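Asks: Start from the sequences and build out the full structure, keeping to the hints where you can.
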Amino acid sequence: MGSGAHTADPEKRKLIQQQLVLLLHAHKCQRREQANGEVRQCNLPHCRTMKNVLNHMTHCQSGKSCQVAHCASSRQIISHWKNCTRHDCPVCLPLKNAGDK
Amino acid sequence: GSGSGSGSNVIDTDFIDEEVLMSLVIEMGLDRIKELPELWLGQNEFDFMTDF
Ligand SMILES: [Zn+2]
Ligand SMILES: [Zn+2]
Ligand SMILES: [Zn+2]
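Chains A and B, in that order, give the protein sequences. Quick note: the first sequence, position 56, residue 56 per the numbering used here, numbers continuous. Quick note: the second sequence, position 26, residue 26 per the numbering used here, numbers continuous.
In short, the hints are calculated from the structure, not lab data. Do not rely on the hints blindly, as some may be mistaken.
[Claimed, not checked] Distance windows between CB atoms, simulated:
| id | chain 1 | residue 1 | chain 2 | residue 2 | range |
| --- | --- | --- | --- | --- | --- |
| 1 | A | 45 | B | 20 | 35 to 41 Å |
| 2 | A | 38 | B | 23 | 23 to 29 Å |
| 3 | A | 41 | B | 8 | 24 to 30 Å |
| 4 | A | 69 | B | 1 | 18 to 24 Å |
| 5 | B | 5 | A | 86 | 16 to 22 Å |
| 6 | A | 2 | B | 12 | 30 to 36 Å |
| 7 | A | 41 | B | 47 | 16 to 22 Å |
| 8 | B | 1 | A | 6 | 41 to 47 Å |
| 9 | B | 5 | A | 94 | 17 to 23 Å |
| 10 | A | 101 | B | 6 | 19 to 25 Å |
| 11 | A | 3 | B | 23 | 35 to 41 Å |
| 12 | B | 12 | A | 101 | 25 to 31 Å |
| 13 | A | 45 | B | 47 | 29 to 35 Å |
| 14 | A | 100 | B | 6 | 31 to 37 Å |
[To be verified] Simulated crosslink set (DSSO-like; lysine-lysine; CA at most 27 Å straight-line):
| id | chain 1 | residue 1 | chain 2 | residue 2 |
| --- | --- | --- | --- | --- |
| 15 | A | 14 | A | 28 |
| 16 | A | 51 | A | 96 |
| 17 | A | 14 | A | 101 |
| 18 | A | 64 | A | 51 |
| 19 | A | 101 | B | 34 |
| 20 | A | 101 | A | 82 |
| 21 | A | 82 | A | 96 |
| 22 | A | 14 | B | 34 |
| 23 | A | 14 | A | 64 |
| 24 | A | 28 | A | 101 |
| 25 | A | 28 | B | 34 |
| 26 | A | 51 | B | 34 |
[As the list claims (entries may be wrong)] Stretch-level coverage of chain B by chain A, calculated; a stretch enters the list once three of its residues show a Cβ under 8 Å from a Cβ in chain A:
| id | segment |
| --- | --- |
| 27 | 4 to 16 |
| 28 | 35 to 41 |
Using N, Cα and C, we set each Cβ at its ideal position, and we do this for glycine too.
Replies: Structure (C-alpha cells):
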C-alpha cells in the first residue's frame with residue numbers, strides 16, 4: 001500500500017474546500033440515485049470516487065477512527081462543514097451564499 | 001416525543017443546487033482531476049475540523 005502521509009499537507013485545507021465540492025456534489029449526487037431507486041449518467045466522473053466513499057462511510061463504523069482511502073477525510077471534512085458555523089469560516093458560509101461566482 | 005442530536009452528514013449543502021457547483025467545478029477544474037490529493041489535518045489554522 002505505502003505510508004508516509006497521515007497528516008497530509010497544508011494545501012489540503014485548500015483542497016478541503018474544493019474537495020468538499022466534490023463531496024458536496026457527490027453527496028446530493030449519491031442521494032439522487034438511492035432516493036429514486038435508479039441512477040443517471042453524471043457529468044463529471046470525479047464524483048465516482050466520492051460515491052465509493054459516501055457508500056463506504058455507511059460501512060464505516062469508526063468514521064473518525066477509520067482511515068480507508070478518504071473515509072476519515074470524508075468524515076472529518078463533512079464533519080467540519082457540519083459543525084462549522086459563523087466566525088471566520090470561508091468554507092460553509094460562502095458556499096452557502098453563492099451570491100456571485 | 002422524538003428527540004435527536006445528530007443525523008448523518010447533514011451538511012449545509014441541502015439547499016445548494018447541483019448545477020451551481022457544477023459550473024464552479026469546470027471553472028476550477030474539479031471535473032478534470034487525474035490525481036485526487038490527500039486530505040488530512042495539515043494546517044494549524046483549520047484544526048477546527050477535528051470534531052474529536
Ligand atoms: Zn456526479
Ligand atoms: Zn470507513
Ligand atoms: Zn466550515
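Asks: Looking back at the hints listed earlier, which ones does the structure fail to meet?
Replies: The structure breaks hints 1, 4, 7, 9, 10, 12; every other hint is satisfied.
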